[PDB]
Amino acid sequence: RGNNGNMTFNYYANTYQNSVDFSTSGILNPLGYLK
Amino acid sequence: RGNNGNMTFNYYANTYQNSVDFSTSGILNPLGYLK
Amino acid sequence: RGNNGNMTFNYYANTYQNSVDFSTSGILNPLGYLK
Amino acid sequence: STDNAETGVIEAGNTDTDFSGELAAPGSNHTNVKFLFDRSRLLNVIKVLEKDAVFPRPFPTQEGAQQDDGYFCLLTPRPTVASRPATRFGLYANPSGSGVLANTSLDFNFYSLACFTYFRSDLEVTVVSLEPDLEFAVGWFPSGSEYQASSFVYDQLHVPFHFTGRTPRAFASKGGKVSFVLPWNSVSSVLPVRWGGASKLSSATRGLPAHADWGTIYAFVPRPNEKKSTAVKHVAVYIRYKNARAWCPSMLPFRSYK
Amino acid sequence: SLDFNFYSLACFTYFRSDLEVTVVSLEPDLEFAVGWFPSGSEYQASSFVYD
Amino acid sequence: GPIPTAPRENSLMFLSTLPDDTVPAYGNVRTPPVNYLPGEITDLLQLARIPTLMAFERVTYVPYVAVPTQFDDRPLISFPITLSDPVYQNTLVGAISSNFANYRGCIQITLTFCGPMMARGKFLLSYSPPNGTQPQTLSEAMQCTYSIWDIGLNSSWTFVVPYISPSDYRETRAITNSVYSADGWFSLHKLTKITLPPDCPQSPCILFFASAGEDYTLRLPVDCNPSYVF
Amino acid sequence: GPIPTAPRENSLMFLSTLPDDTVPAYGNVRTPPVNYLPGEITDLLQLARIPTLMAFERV
Amino acid sequence: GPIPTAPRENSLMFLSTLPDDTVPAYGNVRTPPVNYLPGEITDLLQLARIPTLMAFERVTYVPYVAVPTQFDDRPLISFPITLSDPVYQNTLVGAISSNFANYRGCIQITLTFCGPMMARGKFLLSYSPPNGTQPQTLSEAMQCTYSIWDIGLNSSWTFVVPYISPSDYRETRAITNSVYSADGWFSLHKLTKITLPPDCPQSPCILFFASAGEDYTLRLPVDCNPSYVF
Ligand SMILES: [Ca+2]
Numbered sequence: 014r015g016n017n018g019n020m021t022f023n024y025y026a027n028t029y030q031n032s033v034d035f036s037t038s063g064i065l066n067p068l069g070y071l072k
Numbered sequence: 014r015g016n017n018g019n020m021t022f023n024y025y026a027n028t029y030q031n032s033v034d035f036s037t038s063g064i065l066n067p068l069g070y071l072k
Numbered sequence: 014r015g016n017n018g019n020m021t022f023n024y025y026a027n028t029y030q031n032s033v034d035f036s037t038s063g064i065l066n067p068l069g070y071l072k
Numbered sequence: 001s002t003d004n005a006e007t008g009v010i011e012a013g014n015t016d017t018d019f020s021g022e023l024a025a026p027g028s029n030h031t032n033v034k035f036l037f038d039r040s041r042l043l044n045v046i047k048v049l050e051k052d053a054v055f056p057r058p059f060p061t062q063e064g065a066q067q068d069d070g071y072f073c074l075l076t077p078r079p080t081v082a083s084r085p086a087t088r089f090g091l092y093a094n095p096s097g098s099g100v101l102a103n104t105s106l107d108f109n110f111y112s113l114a115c116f117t118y119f120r121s122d123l124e125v126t127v128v129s130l131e132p133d134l135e136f137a138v139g140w141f142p143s144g145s146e147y148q149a150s151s152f153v154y155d156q157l158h159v160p161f162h163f164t165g166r167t168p169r170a171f172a173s174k175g176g177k178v179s180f181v182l183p184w185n186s187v188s189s190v191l192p193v194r195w196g197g198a199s200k201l202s203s204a205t206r207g208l209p210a211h212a213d214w215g216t217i218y219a220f221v222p223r224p225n226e227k228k229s230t231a232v233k234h235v236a237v238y239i240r241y242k243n244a245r246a247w248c249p250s251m252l253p254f255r256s257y258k
Numbered sequence: 105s106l107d108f109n110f111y112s113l114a115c116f117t118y119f120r121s122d123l124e125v126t127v128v129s130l131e132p133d134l135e136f137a138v139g140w141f142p143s144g145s146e147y148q149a150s151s152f153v154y155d
Numbered sequence: 001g002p003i004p005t006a007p008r009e010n011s012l013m014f015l016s017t018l019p020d021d022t023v024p025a026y027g028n029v030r031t032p033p034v035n036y037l038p039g040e041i042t043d044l045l046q047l048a049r050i051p052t053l054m055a056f057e058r059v068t069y070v071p072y073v074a075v076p077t078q079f080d081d082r083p084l085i086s087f088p089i090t091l092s093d094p095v096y097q098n099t100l101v102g103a104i105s106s107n108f109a110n111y112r113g114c115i116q117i118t119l120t121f122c123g124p125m126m127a128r129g130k131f132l133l134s135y136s137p138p139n140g141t142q143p144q145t146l147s148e149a150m151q152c153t154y155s156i157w158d159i160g161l162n163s164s165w166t167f168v169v170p171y172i173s174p175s176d177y178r179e180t181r182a183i184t185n186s187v188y189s190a191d192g193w194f195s196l197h198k199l200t201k202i203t204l205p206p207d208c209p210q211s212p213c214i215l216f217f218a219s220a221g222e223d224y225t226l227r228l229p230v231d232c233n234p235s236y237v238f
Numbered sequence: 001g002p003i004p005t006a007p008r009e010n011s012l013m014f015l016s017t018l019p020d021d022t023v024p025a026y027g028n029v030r031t032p033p034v035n036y037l038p039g040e041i042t043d044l045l046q047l048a049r050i051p052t053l054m055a056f057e058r059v
Numbered sequence: 001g002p003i004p005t006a007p008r009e010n011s012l013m014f015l016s017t018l019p020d021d022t023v024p025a026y027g028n029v030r031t032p033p034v035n036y037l038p039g040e041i042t043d044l045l046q047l048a049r050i051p052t053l054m055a056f057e058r059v068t069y070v071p072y073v074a075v076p077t078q079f080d081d082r083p084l085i086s087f088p089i090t091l092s093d094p095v096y097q098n099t100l101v102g103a104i105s106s107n108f109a110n111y112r113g114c115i116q117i118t119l120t121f122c123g124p125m126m127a128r129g130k131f132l133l134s135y136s137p138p139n140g141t142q143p144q145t146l147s148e149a150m151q152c153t154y155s156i157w158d159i160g161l162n163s164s165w166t167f168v169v170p171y172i173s174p175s176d177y178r179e180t181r182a183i184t185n186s187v188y189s190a191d192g193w194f195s196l197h198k199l200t201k202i203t204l205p206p207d208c209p210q211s212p213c214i215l216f217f218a219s220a221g222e223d224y225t226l227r228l229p230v231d232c233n234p235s236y237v238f
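Chains as they are written, first to last, in the authors' numbering: chain D, 14 to 38, 63 to 72; chain D', 14 to 38, 63 to 72; chain D'', 14 to 38, 63 to 72; chain A, 1 to 258; chain A', 105 to 155; chain B, 1 to 59, 68 to 238; chain B', 1 to 59; chain B'', 1 to 59, 68 to 238. A prime marks a further copy of an entry chain.
It cannot be assumed that every hint is accurate.
Rough simulated footprint, nothing fancy, chain D'' against chain B'', three-plus residues with beta-carbon under 8 Å [said to hold, decoys possible]: (1) 7-21; (2) 35-44; (3) 212-218.
Sample of chain B' residues lacking proximity to chain D', with all beta carbon distances greater than 12 Å (derived) [stated by the list, open to error]: (4) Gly1; (5) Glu9; (6) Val23; (7) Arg30; (8) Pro33; (9) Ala55; (10) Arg58; (11) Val59.
Source of the hints: derived by calculation from the structure; they are not laboratory data. Don't be surprised by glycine CBs; every beta carbon is placed ideally from N, CA and C.
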């Protein structure tokens, strides 16, 4: 997703191409609510 | 179609290679008719 | 394994890319034991 | 249509609510935050090292101290001065008089579209030469470290230490370009566009974050100390956010009315 | 010579690994070549006459 | 054997907007989780659809307009519909739109009366498509698209400017007044004079808000203007 | 490992009539529909097959 | 036919940290087996988790501290918690940590009493999070996190410094005392004076060890400092 045109092939592994968050153990929704 | 020789492989996605018209919600036929 | 990003394709054969030891005929384990 | 604006929440309408009509089709989605920010842009211009350097001292520096200025560039959209983070952007409207002139930088587009409060994204860097047929290299070290300053003697030829190290160093051929991407490596979870805290527990300067950047970059000529030339050289730095995200709305700059 | 980083992290006694080499020029627009021979040999020292 | 190939004419070129990635250098990094921060923004339209205060000249700028007591037939206030016009300059809709080239959809305007609870009156709001000369009287205003708003319990009243254009999409800046940039005028008329009981302040004030519509849309990003730093 | 390859003698050449495309720069654009315009021309023979007036000399 | 391709802007570049291999030259070699060598190291944490001796000043350095006989309210000894501090310099935890940039987890400290078997006494160990000024008396020390250790049969006693930080990961060097580098102090208090029978040596000595915890972790390698060779 994003400004990325390729849709078929990825050479390097995901964990080397991107950063990841280590684990721990449609239409736009609105901001601001009234009740 | 057109002056395009490749017939096997396309790298970039269609929506990035070409422009598209957003939706809304053989032998040659003749021009000019008489009735 | 290691600082190696490729995970899909290898061109040369294993015995030419690496050295091998000729045959003869998880969590970290501790070092130093008491009994 | 009757409504009460004091409630804060107002529901968006269409033409048909009060008149005869119909709604328009979607169109395109060029406003997506991820898709908007993935474009390279100029950040700063720096000189090229020809010997071992001396990193500039902290800001309370008095006169007479010896160091090298304008050789290092920070990687951060926020304002900076003298290769160190700042809070107010600077500008020399009268280039005259004594004193060293302080380098400055800013990300004009990013702060023109900085509508939020917190930000996070990877970052891809590129460098380009501003001199005809130049040979150079680029070095980098992560946030929260320092640049080693010394040299070694090989065959009676001094060689600066920044040649070697286990943090990336890259070389380019005649007239070539250097490109690579970096991860998000700061200790903080997100980068604050605007801040109002203090880092040190006392004698701190409010609103000055400590580690809001990706790292640091510099360029050098791969030759020994014995070949210090006579003319200065410059390079240009390009950055491009990748897979961006935002977290809390804010306001935009004030466009002054003539 | 010495390997400063290797001996700064040399926390063990024995070591083994392959090794990849690279060379780079320190002069502008130079033409050169590189040669190698394995451990436990010697470099031949003589020349031949062609034309 | 080597695969034979021939590079194209476009090689070694550096293109800023190219849609592709590059080679990593320092991978294998893992970062802290960010599940704890609420209110992630996914599209800037979420912010474009929030009303904000406009500006006018008091001759030196204020967001409100003071209702006079004199009687005259000219419109109380009238401004053009062009996102580059000063009135929309500081509002979010205009500020964001200045970074793009085209737009669609319906603009939205809102008002709020902040006078004494004891007052009573009526106002007329009208929107005039382009013409040779702009409207200058109630008789002319009545014919265009318009609505009647009366002071009562509720304080605010919303108005929608329909998207009536000779072509899909429209320019967001007006270098020259072609039909594709300017789209008429908006004007407010005081239908009846205000009634107040004795011993009350005169000249109440009215307030304006501007925001994007439901079917608003932008397109084709463009580089921004850095003059604000000076 | 890197795929070894050898470029041919014809490299970096610019050929106007080459039957292939190039790299995009500003993609993801969507355009208005054109269903409303009638009389699309598909081949210029459609126009070549329409009679027209010749010319001669009156001198 | 040749496959047409266009190289990117990044070509002929030499990147030291690139995650990929290169072309072989002298392959097909076979090497002796190494099954006979025991104790293969798989991760340097295995070595980081081994206690080692710290250092102090006797005014010119020794690992132990001599318990005096005078009576005063100041802490017997106190040092900051910063891996770049001299006390941790030669210990394995500090030495290894100086080659990286961030860390997590809990540090561990251990003590051992090497006095005569006939002695008896008690000691107080405390850990003070950061403050404007460091603790200077038992009354202040009692409030922070602390524990009581008494001389008995067993000789050693372990203490754990909890990881209490305003952010995940922390810097391993202190260029300036931001809250992300320094993390308070550790101090030892003599609760009661030592009791010895007649004809025994005075002033026993106590010994220190420092090691990594169970959940210790490092990250983001960095180049090392070669000054040791001089
Ligand atoms: Ca090639």
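A quick look at each hint next to the structure:
1. With a threshold of 8 Å between beta carbons, the proposed coverage of the segment 7-21 of chain B'' by chain D'' holds, since 4 of its residues qualify and at least three are required.
2. Judged by the Cβ-Cβ criterion of 8 Å, the segment 35-44 of chain B'' is covered by chain D'' as claimed, because 3 of its residues qualify and three suffice.
3. With 0 residues having a Cβ less than 8 Å from any Cβ of chain D'', the segment 212-218 of chain B'' misses the three-residue criterion, and the hint is violated.
4. The Cβ of B'/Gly1 sits about 22 Å from the closest Cβ of chain D', beyond the 12 Å cut-off, so the non-interface label holds.
5. Listed as a non-interface residue, B'/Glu9 keeps its Cβ farther than 12 Å from every Cβ of chain D'; the least gap is roughly 20 Å.
6. Not every CB of chain D' lies more than 12 Å from the CB of B'/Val23, the least distance being 8 Å, so the non-interface label is violated.
7. Its beta-carbon lying about 4 Å from the closest one in chain D', B'/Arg30 breaks the requirement of being farther than 12 Å from that chain.
8. Under the 12 Å C-beta cut-off, the non-interface status given to B'/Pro33 relative to chain D' is violated; the minimum distance is some 5 Å.
9. Every CB of chain D' lies more than 12 Å from the CB of B'/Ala55, the least distance being 24 Å, so the non-interface label holds.
10. With a least CB separation of 31 Å from chain D', B'/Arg58 remains clear of the 12 Å interface cut-off, as annotated.
11. Against chain D', the non-interface label of B'/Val59 holds: every CB pair exceeds 12 Å, the least being about 36 Å.
In summary, the structure is inconsistent with hints 3, 6, 7, 8 from the numbered list given earlier, while agreeing with the others.
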